[PDB]
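Excluded from the complex is one protein chain; the other protein chains are retained at their positions.
In this document, chain identifiers A, B, C, D and E correspond to the written order of the chains, with residue numbering beginning at 1 in each.
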């Protein structure tokens, strides 16, 4: 009592400050690899929303508030089950933790420097596009580290939950000192 | 005696708010053009003043003096970023008279000469080069919907608008794939600092 | 194909106002910023100003603020530059450009207190030259015209190679130009050549066949 | 600069196991996808399987589930397919490929119960032709060798034009072959004409000059 | 699996004529609106060379003579100009399913006007006679077509035993054939007969060209 609601208010303001920091930064700042922020805040906010909706349904103001709290509890349960199903279906096939991105049905593997780099791609067409700008590579809107234009792979893979699609370097061009563009297209799909 | 009623009101309101944030962290960051976007705009706009009000509420009924200090610090920095957002957004709206300057994600706009008009969309992926893809009468620039542009009528010069400068971008190199699709790039030339 | 055709050469009084019309064709007109550049006497380029066609927003040089005004007409897909209160330091060539690549054809503006004079072309022929070598030169002299330019061609454009068009000289507020083309000695004087001289200020499109001497 | 080099021709007994190497070069080896293709009897192309050099991710054919394994050695950039239960239907050529474009040279494997016989070449001579022109045809015949192939060339590969090499003919589990070049009159018999065979299984380099009777 | 039975098996076109290889499929190979069908070109003694990617696209560095597209369950490769250097075999594939089944075979052979076979005898010598067995050949070179019947006329009556006929592939510079008609004899058989004659019946020649070698004149 008294001090309890003060600690509750302090905790709510603090966690809303972390939600403030994680929403305005991380994804829409420069798109580096700190996406675990949004992951850890979303994993905190799924059972938090579940607990608040359950506690509002247990002690309701009226019947309409009870049915609204039950509706949002069922909606949060449905979206959590959908996220776990769509992320588990992409983890038994690929050994990458980027399948735990909040919305991801494809993973882009790009090999350079003797290593493949996996990024949680959101949607690909039948012909993806690589853009090298100085010492930096961007492929379908994802920051793929640093990679020179001349050392660009002629084969990349994208791993859907039911198929593996192989893309090969169909077109390429260079305009700067080491900056250029490239167009990859599918040539062979592999059934998982 | 009425603590339970305001506790139930607070629980219901914060459950609805926590639902509104949850369909923004997921379902809203991939889809950035049309769908699940008004929710993202509402959440990203009321994000700063609600945090400022929460720090004010923590400072009004505090626990310790260090709690007062940190709550005042949090409220001051939240008001600082909200005031900075309103200053930069008012500057961008004064330089370019479009409503798209009032979004809270970025203070940079991309203007594309489409079809006798100019289409303005916010641009988060700002760099030296801006890419553009065509989908046979469907064009996307920097992951943004921009109408139904073809490939043979691609714009040769786009602009980006910032609170200080206006940067022009000419089409340097393009490549055509498919029957009507294509991919072009735009590199910087002639920054104009009005 | 981006093309930017301008109006043409104009002579104006020292203190009047005039307008250059840069007419564009080929591209979506509203969306490419039009830039106006002035090239002075000899070779000296100066920036006048840019203008957005769709937004209507302009940007001027400090020296040209109020001296020239930039307007856009979307229906004719044209732009205009109005020069007001013309002085003797304004006789210059004006270009319009879009993306610093597709320039205009060039408009020559003359500012003087003179009048338009049709040219008195006097074709010069070597009388009794008796040149044994077969590259004998034949030319025409253009005397007494104002202002620039004058277009001189040979055989109405049929004689493409071997042409030599010379810059004009100025004396007594008058312009004199000369041309010369080496021709084989078998053609002269049996064949017929024409020193086609056209002055757009006076529309004196004379053919002016050379008389053998 | 992408080049895949394979091992070479091999005779294997039934029930043995032959390991086929594929030493890639000129590219970052770990990150592409090797792919193996078996060609039998001259026109029958079949697919075996692919393997990622990064993982051990394989995907075999339904007729090659237990007849083939694919291995990757990530130290010398080599694909290391070995075969199991080499029956009489496995006498075939085997190819690597990467992106369906950069193929391999092809490893020929022969399943038979015989020995690697030296080529008993008998370079014979024309008998009293008494007429030598600029297109006179001369040939070298080799009989009694096993297995395929023989690198038959003339004068260590200088005669790269006008040479007609014949496929091997099988009789009594033995191979017969012949070759002919249309030599000019100035190089025969004034210049040295030598037919050279090379059996990689027998490891011989016997070459003989043709001498007329 | 996928069964591909392409209807042509041996095409004989000329320079300037039309070449069309029609290839089929057992079922659909469509994925995401794209029918995956590769086309390969293989020369004798060489690995296959990829011509065509997903039905329509071209290999980089390959010429545009091979650009037949096809759609659905009918896939044709068309060579419209037909250069001389095209005597190879063209193969289908499907980069869609699990087995990735290849096609059949189409030997495309360039037409050229009829040339007489260059018959040149190659008599046996004492080396293989001292080895133990003699070999006599006809060596018919540069003929058109393959339906030329060789025949042996040793010592009068014809011999049809112990004969091996070997063909060749098409030439990559002038597109001609070659023949090797080997007859293997023992030492006593070679000593018992002298008049070794060789003949070849051809559709171009009105009469069989007769070439003979005799042992005693050596």
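Simple rule for what comes next: a residue touches a chain if its C-beta (ideal position, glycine included) is under 8 Å from a C-beta of that chain, and two chains touch if they have at least 3 such contacts.
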Field: Sole contact to the chain not displayed, among C:77, C:112 or C:176
entry: C:176
Query: Which one touches the absent chain: B:17, B:23, B:79 or B:172?
result: B:172
Query: At which residues does subunit A meet the chain that is not included here?
result: 175-177
- request: For subunit C, enumerate the residues touching the unshown chain of the complex.
  value: 37, 43-47, 59, 61-62, 95, 97, 100-101, 103-106, 120, 122-128, 135-137, 139, 141, 143, 164-169, 171, 176-178, 180, 182, 211, 213
- line: subunit B positions in touch with the non-displayed chain are 128, 165, 170, 172-173, 187-194
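Everything that follows uses one rule, which is that only the chains that are shown with their structure count from here on.
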Query: If you average the CA atoms of subunit D and of subunit E, how many Å lie between those two points?
result: 19
Cα-centroid distance, subunit C relative to subunit D, in whole angstrom: 75
Task: Let me have the rounded angstrom distance from the C-alpha centre of subunit A over to the C-alpha centre of subunit C, please.
output: 63
Query: When you check subunit B against every other chain, which residues touch at least two of them?
result: none
